[PDB]
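Based on the hints, put chains B, C, D and E in the right spot on chain A.
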Amino acid sequence: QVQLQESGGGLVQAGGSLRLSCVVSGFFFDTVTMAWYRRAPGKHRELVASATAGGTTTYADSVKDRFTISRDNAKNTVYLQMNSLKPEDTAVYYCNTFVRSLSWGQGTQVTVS
Amino acid sequence: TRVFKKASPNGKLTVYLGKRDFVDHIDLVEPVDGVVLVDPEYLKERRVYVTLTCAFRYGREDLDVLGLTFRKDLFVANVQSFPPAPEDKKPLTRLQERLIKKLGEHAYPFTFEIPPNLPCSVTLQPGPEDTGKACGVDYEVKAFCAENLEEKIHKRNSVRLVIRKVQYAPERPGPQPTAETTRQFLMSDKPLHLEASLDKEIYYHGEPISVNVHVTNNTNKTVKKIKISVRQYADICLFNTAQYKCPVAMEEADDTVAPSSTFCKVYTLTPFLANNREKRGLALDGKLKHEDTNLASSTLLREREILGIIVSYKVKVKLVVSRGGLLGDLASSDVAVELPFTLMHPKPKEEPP
Amino acid sequence: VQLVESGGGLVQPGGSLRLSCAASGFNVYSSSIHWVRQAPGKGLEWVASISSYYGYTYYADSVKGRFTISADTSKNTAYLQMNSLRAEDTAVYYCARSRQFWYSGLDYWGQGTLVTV
Amino acid sequence: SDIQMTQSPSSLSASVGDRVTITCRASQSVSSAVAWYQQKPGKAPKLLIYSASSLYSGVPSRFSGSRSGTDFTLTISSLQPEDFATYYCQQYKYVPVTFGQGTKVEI
Amino acid sequence: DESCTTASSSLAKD
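These protein sequence lines map, in sequence, to chains A, B, C, D and E. Each residue of the first sequence is one higher than the last, beginning at 14 in our numbering. Each residue of the second sequence is one higher than the last, beginning at 528 in our numbering. Each residue of the third sequence is one higher than the last, beginning at 69 in our numbering. Each residue of the fourth sequence is one higher than the last, beginning at 1441 in our numbering. Each residue of the fifth sequence is one higher than the last, beginning at 548 in our numbering.
Excised from the complex, chain A in its bound form:
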């Protein structure tokens, strides 16, 4: 079985902040990537990811300079900090990775007014 759960995320006002996290379930998480994707309303599903263990801070440059993308070992989770959130930042965020090519959860969801 594979449990995945994006955690948090909801109503947010512009110029504020967020925090998200998700835990993989089952795998021996020794050597790994975290191939996060994220969606958009009625769109192709696209990549924003980083953070294997050992110093990986990588981005698709739409969302650089703002996201403390950060993994974890003992909890077996990996986080997402957000700042000053854009009408393009409003989306449906997944936490996939092609370790088992995880069928995703349901995605948290935000709003900018």
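Some clues are possibly wrong.
[What the hints assert, rightly or not] In silico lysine-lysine, DSSO-like type, Cα no more than 30 Å apart, as pairs: (1) B:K772 / B:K841; (2) B:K748 / B:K845; (3) A:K77 / A:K56; (4) B:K660 / B:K599; (5) C:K110 / D:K1480; (6) B:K546 / B:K816; (7) D:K1533 / B:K876; (8) B:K876 / A:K56; (9) B:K754 / B:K845; (10) D:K1533 / E:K560; (11) B:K628 / A:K77; (12) B:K751 / B:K772; (13) B:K616 / B:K571; (14) C:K110 / D:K1486; (15) B:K748 / B:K792; (16) C:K143 / B:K752; (17) B:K843 / B:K792; (18) D:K1533 / B:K806; (19) E:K560 / B:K628; (20) A:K56 / D:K1533; (21) C:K110 / D:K1544; (22) E:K560 / A:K99; (23) D:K1533 / B:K816; (24) C:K143 / D:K1486; (25) B:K843 / C:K143.
[Stated by the list, open to error] Beta-carbon label-pair distances, calculated as ranges: (26) A:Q26 / B:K679: 55 to 65 Å; (27) D:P1481 / B:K682: 57 to 67 Å; (28) A:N86 / D:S1517: 51 to 61 Å; (29) B:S737 / C:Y126: 23 to 33 Å; (30) C:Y126 / D:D1511: 22 to 32 Å; (31) B:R829 / C:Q149: 49 to 59 Å; (32) D:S1517 / B:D782: 57 to 67 Å; (33) B:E557 / E:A559: 15 to 25 Å; (34) C:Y126 / D:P1521: 36 to 46 Å; (35) C:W170 / B:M714: 52 to 62 Å; (36) B:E667 / C:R154: 45 to 55 Å.
These are computed hints drawn from the structure, not numbers from a lab. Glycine included, each C-beta is placed from N, C-alpha and C at the ideal position.
What follows is chains B, C, D and E alone, placed relative to chain A:
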């Protein structure tokens, strides 16, 4: 539209293909285009291979392990997707550039060309006590990560994907399969003339076959029984060449033709699977995993000799004739005729299976 | 090309009916035949399916053990034996056909027969 | 267990010329196995769409199908006077095949 | 010591 994906157990590799069914035309093959996503966070090995393997899978007769097979290769082609090969310079398909647009720079295209005159995907029906792998001819795409080409590939560091080579019925129907035979007996002066024909040349799987039968009995004898049979002929040329004739459907009408009279009747036969699960060796269309598949489509050849398993069908019409008289039971009294025809799937007007 | 149902009417609870579905213009070994019922004012519920080509039968959970679907391929006709009928089984029983190679929806339907229990 | 085919809305009203969108979400993943049927009252069902988006032969071109993940959309671009009926979805990737409750479109 | 099943992902239109 959609695409297929499959990941390795350890996640380092994810093979992408556009479709599983590849249409085999007369001489050209459709290209095998796809991409391989290699995650650079884990790549260091500096060489990723993808391998196309055409293998003959069979079970060993001396081993009592159900499903235990060995694969004899018939065609192997390799492409080094990462880094880009210094020699190989190939154009990308529109599908491929879309895949690159989706995944990003970490997606490396690969394109394999299957040469003509190779066997199509055929699965031999397993026996009652085998539940494992399926024997016959199958394709496999294996993409893996290694230091060089000699090393034995660990299965967790790999991904295999079954694909099928299929054929469809020709657009223009061929000439009507007809056959006649003339038996002149030694001690008899009038001959026995048997005529049979099919309504057309191309049939679909599960479609009725109409056998126009014309018997001209100018003899003194009487036709006692009419045996109709659809037999699938399979020629397997690998080490040696073998052949067998296996009846897959039949009806024996006891219709009798009296002397000095004519006969005309329409017989209808349908070859099907439901009454054939107990047989061994029957040819079936390639399986993806272990799901049931229909009777093997007719093999289309190119005029040379082709490796693998070549399938064909003929209709046999057999008259059982009475004996006695001068020569007793020494001389056989059977009369046969054979009628080749084409059994294939119609061209998909919309979407693949 | 025509599908025709038969053998409907009123029956007291606990009675039986036998449905016939005469097919014509197409075959039985290249088509799979299905029965789909519709309760008065309710939705569609699949109950039975037969693939003569593969010799397999499929049933809805509500009819397992009570309904038995068969086919006379020589007469191009399917049959559905229905025992232990209850009042909730009252519906219009449709005969439908699908392409065996391969399933592309139920493309021909009969006018249906009324069964009141 | 049984695949649940949540079809929504159960009923909707629109005028001649409106673009009608009938969604139907499957409780679990169904690949391309979606059909759309047209049944008129007292009449037998008519096949409209097969293999999620492939328009069946002889069916007017105003009908089209789409798939976004496990969501499926039946669109009637230019609503014609005879397209008022009950529309059913169908999954057919897993046995047993189960149908949706239906969406009755009325003027 | 295992293998994932063959799944099916998205591809945008153009």
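How the hints compare with the structure:
{"no.": "1", "hint": "B:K772 / B:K841", "in the structure": "holds, 10 Å"}
{"no.": "2", "hint": "B:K748 / B:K845", "in the structure": "holds, 16 Å"}
{"no.": "3", "hint": "A:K77 / A:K56", "in the structure": "holds, 21 Å"}
{"no.": "4", "hint": "B:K660 / B:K599", "in the structure": "holds, 15 Å"}
{"no.": "5", "hint": "C:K110 / D:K1480", "in the structure": "holds, 14 Å"}
{"no.": "6", "hint": "B:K546 / B:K816", "in the structure": "holds, 16 Å"}
{"no.": "7", "hint": "D:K1533 / B:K876", "in the structure": "holds, 21 Å"}
{"no.": "8", "hint": "B:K876 / A:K56", "in the structure": "holds, 29 Å"}
{"no.": "9", "hint": "B:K754 / B:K845", "in the structure": "holds, 5 Å"}
{"no.": "10", "hint": "D:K1533 / E:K560", "in the structure": "holds, 24 Å"}
{"no.": "11", "hint": "B:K628 / A:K77", "in the structure": "holds, 20 Å"}
{"no.": "12", "hint": "B:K751 / B:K772", "in the structure": "holds, 24 Å"}
{"no.": "13", "hint": "B:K616 / B:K571", "in the structure": "holds, 24 Å"}
{"no.": "14", "hint": "C:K110 / D:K1486", "in the structure": "holds, 18 Å"}
{"no.": "15", "hint": "B:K748 / B:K792", "in the structure": "holds, 20 Å"}
{"no.": "16", "hint": "C:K143 / B:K752", "in the structure": "holds, 24 Å"}
{"no.": "17", "hint": "B:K843 / B:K792", "in the structure": "holds, 16 Å"}
{"no.": "18", "hint": "D:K1533 / B:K806", "in the structure": "holds, 29 Å"}
{"no.": "19", "hint": "E:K560 / B:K628", "in the structure": "holds, 11 Å"}
{"no.": "20", "hint": "A:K56 / D:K1533", "in the structure": "holds, 25 Å"}
{"no.": "21", "hint": "C:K110 / D:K1544", "in the structure": "holds, 12 Å"}
{"no.": "22", "hint": "E:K560 / A:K99", "in the structure": "holds, 26 Å"}
{"no.": "23", "hint": "D:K1533 / B:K816", "in the structure": "holds, 15 Å"}
{"no.": "24", "hint": "C:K143 / D:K1486", "in the structure": "holds, 26 Å"}
{"no.": "25", "hint": "B:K843 / C:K143", "in the structure": "holds, 25 Å"}
{"no.": "26", "hint": "A:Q26 / B:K679: 55 to 65 Å", "in the structure": "holds, 58 Å"}
{"no.": "27", "hint": "D:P1481 / B:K682: 57 to 67 Å", "in the structure": "holds, 58 Å"}
{"no.": "28", "hint": "A:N86 / D:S1517: 51 to 61 Å", "in the structure": "holds, 54 Å"}
{"no.": "29", "hint": "B:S737 / C:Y126: 23 to 33 Å", "in the structure": "holds, 31 Å"}
{"no.": "30", "hint": "C:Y126 / D:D1511: 22 to 32 Å", "in the structure": "holds, 27 Å"}
{"no.": "31", "hint": "B:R829 / C:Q149: 49 to 59 Å", "in the structure": "holds, 52 Å"}
{"no.": "32", "hint": "D:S1517 / B:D782: 57 to 67 Å", "in the structure": "holds, 59 Å"}
{"no.": "33", "hint": "B:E557 / E:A559: 15 to 25 Å", "in the structure": "holds, 23 Å"}
{"no.": "34", "hint": "C:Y126 / D:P1521: 36 to 46 Å", "in the structure": "holds, 38 Å"}
{"no.": "35", "hint": "C:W170 / B:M714: 52 to 62 Å", "in the structure": "holds, 56 Å"}
{"no.": "36", "hint": "B:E667 / C:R154: 45 to 55 Å", "in the structure": "holds, 53 Å"}
Figure legend: structure checked against the earlier numbered hints; every hint is met.
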